[PDB]
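Single chain ahead, by itself, as structure tokens, in the form solved without this ligand.
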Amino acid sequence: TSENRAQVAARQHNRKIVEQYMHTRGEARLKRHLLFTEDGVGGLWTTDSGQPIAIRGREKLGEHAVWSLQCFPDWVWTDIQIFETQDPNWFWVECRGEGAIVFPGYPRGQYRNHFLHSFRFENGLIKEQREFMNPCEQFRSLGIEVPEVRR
């Protein structure tokens, strides 16, 4: 019907934003927050602490980009696979990401990981982005030792 039209319009536009998000590099990273809703949330759902580190609101998201550009100066996402779903406001992306890791008083390291990203949209802006990676890989990249599960 007409709901169809809006939902199909929805999907195709939303996809473009996912694409745009995934290809954002360099200083453009400082304006990627403009792709969210005002109230929008982005962050890392897989942490050493077991709680998500979420950043809520387009302005805290812009602020976070400075720290991100500082700590991951050359970060690129590669091997991008975008998954549309039965919900036109929900997408998943499977990819890789690599670049230097510059933590303060840890040595410069090279960080690579496998990531899954969830994007939910509201009115054609990102209402919720979430990323999922294996925190062990980061521990490694910082010269932090990873415990062995002996199965």
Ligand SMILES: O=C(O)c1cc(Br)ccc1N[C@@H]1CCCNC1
Second form
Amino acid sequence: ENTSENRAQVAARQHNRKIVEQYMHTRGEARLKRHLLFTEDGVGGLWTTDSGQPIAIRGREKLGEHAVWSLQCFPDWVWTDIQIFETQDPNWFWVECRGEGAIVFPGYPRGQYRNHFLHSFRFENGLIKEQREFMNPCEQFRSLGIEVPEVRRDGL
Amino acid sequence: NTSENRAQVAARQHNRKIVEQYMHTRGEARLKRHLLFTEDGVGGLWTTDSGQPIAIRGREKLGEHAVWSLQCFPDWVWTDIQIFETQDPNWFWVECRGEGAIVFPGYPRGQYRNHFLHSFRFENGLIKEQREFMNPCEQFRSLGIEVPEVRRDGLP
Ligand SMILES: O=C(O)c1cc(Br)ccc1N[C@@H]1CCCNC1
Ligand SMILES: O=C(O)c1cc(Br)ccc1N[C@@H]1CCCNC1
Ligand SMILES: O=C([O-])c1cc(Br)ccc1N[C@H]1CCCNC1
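The form solved without this ligand done, now the form deposited with this ligand bound:
The next block holds the full complex; its first chain is the one shown before.
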């Protein structure tokens, strides 16, 4: 039905989608200002790590500080093949994409990192309250020259 | 309130019940879950140590692979299930946890727990593509397989 509440849900979803689009297309020096898309207390980070616990960066200003690190470690990163999924919750989106770029971690050789990624984006008052990245850490191991453990799958 | 929109709302409602049934299937019922798929439907694991998916193609193959997975994961349960509808009535995402005994040939019996994202694409009210995304490092741990530790220097 065309009710005021349905219209507000649509307007919210439309505004939030634009912010996900902006986030996913932010490159180069603009990455240093991407934290401004978050709530003051917004969280972002990497939910799939070798330790099994997330690396969560808490707060808009922490996210900005971290972005200085990221731009060194991934100096030319781009997201590609971006597919944005709206959900029944106008404040929750998922993205499936790929990503490629140089990886420059201290203690490892410089390499070329490519992966497939899923991102979750939760909004509040039109700003990102929680962003989470999910990927396969094994691909990042390969990019760093770290030997990837193998699972034998007998009888599969 | 057009019949196009009405067709889509029903498609989505129907597909969501299929996703619910899939996610709640346990025990011997797992032997018949393949019946939820199109004849040519594909299921499998998109996040693997090799970087390549383990794609199980076809309803009959899916039913055959269920026999092996009921040996390897005899008491598997999905929990904490959150279903996400999308703008496509034939595309859903699920975020959930899962755990169970892991009983692979040639590895100590373990307890495997992980966080999962599942993609479900439909055609004609059945599953045409199911894809599981997880952190393989957690499966390594469950099998006693050593997991390398990525050092993140400069990380605040
Ligand atoms: O892209 C950035 O600006 C960025 C900013 C923060 Br803060 C953390 C990580 C970042 N980028 C990496 C690229 C490789 C895949 N993981 C995310
Ligand atoms: O649960 C099933 O019946 C099942 C069926 C097929 Br065919 C393949 C794998 C299965 N289970 C594993 C459990 C641990 C996480 N990955 C999925
Ligand atoms: O490891 C998984 O969770 C898994 C997921 C999907 Br789908 C299919 C097969 C899987 N594992 C095989 C490994 C070899 C022994 N049989 C179980």
